[PDB]
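Asks: In case you want the letters, here they are:
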Amino acid sequence: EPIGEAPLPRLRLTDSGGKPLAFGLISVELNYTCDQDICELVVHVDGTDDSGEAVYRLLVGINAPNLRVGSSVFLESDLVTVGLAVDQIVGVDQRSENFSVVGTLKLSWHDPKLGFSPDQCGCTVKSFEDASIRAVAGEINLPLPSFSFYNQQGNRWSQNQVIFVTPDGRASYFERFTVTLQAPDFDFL
Amino acid sequence: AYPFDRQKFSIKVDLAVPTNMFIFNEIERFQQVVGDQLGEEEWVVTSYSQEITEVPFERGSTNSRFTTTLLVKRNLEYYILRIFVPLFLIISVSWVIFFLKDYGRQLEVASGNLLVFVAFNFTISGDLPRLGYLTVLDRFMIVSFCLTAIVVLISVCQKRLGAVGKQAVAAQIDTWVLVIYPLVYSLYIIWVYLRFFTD
Ligand SMILES: [Ca+2]
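Quick mapping for you: the protein sequence lines, in order, are chains A and B.
The first sequence maps to residues 237 to 262, 268 to 290, 294 to 312, 319 to 439 in the UniProt record's numbering.
The second sequence maps to residues 440 to 638 in the UniProt record's numbering.
If we strip away everything but chain B, and leave its shape as in the complex, we get:
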């Protein structure tokens, strides 16, 4: 669910003697469990816990274990402002070109905006982890590229229609696209939320 994922950091300390010799009994708090440091941090801690349990031993019987768990999350303001806000403006440029009644200039603006989308992918290349599987952020960028590339295909069809002599048909396509295009993005976002977040 990158970048909206929450992880757990577990620090386990195990005794190396059987539980009939030494056993963990009490937990003392001689200092703050999570210290405070100046400045901001990449991972922020929301809660923590400490517990004592028993685990099987290689000798036999059991031994004691002391566990400290920290619940962490990322910095959401970083990804929203740096990635999602610029992405929205690039996408909205391809939506607004359908108001033009000429297609020799709509086609060249649509083709030019596809290059800006690809170039924008280089800046945020560092912010995209190089794992072997798709994440939530990776899926959204693939859908956006396909919709931007389809706009170029529709523009070519409209120009051919106008040159032949049928312009009313081309004008009706503009009305349908201006309505359907914002609808597909809204529907896809809801689908992503249902699949990965609300079970």
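Excised from the complex, chain A in its bound form:
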């Protein structure tokens, strides 16, 4: 329901494949019960049909006819911690406008889908060495936080690449790089 300046918003409830499943009823409310073995929902909020801000509060629940803490119902994106350190500046090209840098990059995130059991390995940490995040993700068929350098020119020399995962599900990445980056914003006037 809107807070102020109500524009009569339109809401929809479709399947994961876009097939509609339920429609709103005029404080727009709607209900739906699914009986299939696997049942995934997507909530659509449309405002295409000049307005001042949004001022909206959306309430959803499962098996909660009353409504109006509990547990989270919507999917939440993973949170990634990132750090970068610069060790050297190899050179600067003043004609092609690019520079070379040497440094260290570290990533870390938590994902319960990567967990395992120590019984089947007799080990605490898993190892994937000399492989990028993209290559490892294809091997284990799991989504991973692939990254790239935006203004990279040519290939880069990567050293000490490694990923380690713990039984809880915490993973991290480490790499030492030597890269050349294009910088067209140089001004030598």
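Please note: incorrect hints may appear among the correct ones.
As the list claims (entries may be wrong) - Pair by pair, the computed Cβ-Cβ distance ranges are:
| # | chain 1 | residue 1 | chain 2 | residue 2 | range |
| --- | --- | --- | --- | --- | --- |
| 1 | A | 321 | B | 464 | 50 to 56 Å |
| 2 | B | 492 | A | 254 | 36 to 42 Å |
| 3 | A | 340 | B | 487 | 33 to 39 Å |
| 4 | B | 627 | A | 438 | 34 to 40 Å |
| 5 | B | 499 | A | 393 | 31 to 37 Å |
| 6 | A | 327 | B | 507 | 52 to 58 Å |
Said to hold, decoys possible - Chain A residues, not near chain B, derived (Cβ > 12 Å throughout):
| # | residue |
| --- | --- |
| 7 | 239 |
| 8 | 277 |
| 9 | 382 |
| 10 | 391 |
Claimed, not checked - Chain B is faced by these chain A residues, among others (derived, beta-carbon under 10 Å):
| # | residue |
| --- | --- |
| 11 | 345 |
| 12 | 347 |
| 13 | 434 |
| 14 | 435 |
| 15 | 436 |
| 16 | 437 |
| 17 | 438 |
| 18 | 439 |
Quick caveat, the hints were computed from the structure, so don't treat them as lab data.
Every residue gets a Cβ at the ideal spot worked out from N, C-alpha and C, and that includes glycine.
Start from chain A and add chain B with the ligand according to the hints.
Replies: Then chain B with the ligand, alone, in the frame of chain A:
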């Protein structure tokens, strides 16, 4: 026509399938064709165009081609100030020495100024491309050197005339040179403009 030359940069994208399977139909402008970046650039873009045509294929029939052309030109203020302005002052020094009525000092100033002309050629050596053929800039520097070297030859002749005893004849040569010398430079510049620029 260096450094007053204008070039064209052509970027051609060719489909690798015959025109009866896939054909280029429309051009979309999702972004500015030529982006703007901070600072100055060596080559500036004046205009651009995009077009779709058809070209023969190695299989046979035809295939589609997408072409982007950029028209570019150099930075004229760089070459005018760095090369032509210093060259004018060096040349004008050899012209003004003919006002002196002595020739033991005119000869030594004329000889000394030839060395400055050669030394000035070292600084702009980077700005002269090392191609296998003569350009407009190369031709002008050759003419200027020959005229500067001829001044040394005339000065020697005048000194011999004064030592013998004839000074009125040497004084008349000064008047003729002071007029003809600026005329040859003006005539040559017009000749260069007619040959290379206005057809
Ligand atoms: Ca720049």
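Asks: Any hints from earlier that this structure breaks? Give me their numbers in increasing order, please.
Replies: 5 and 6
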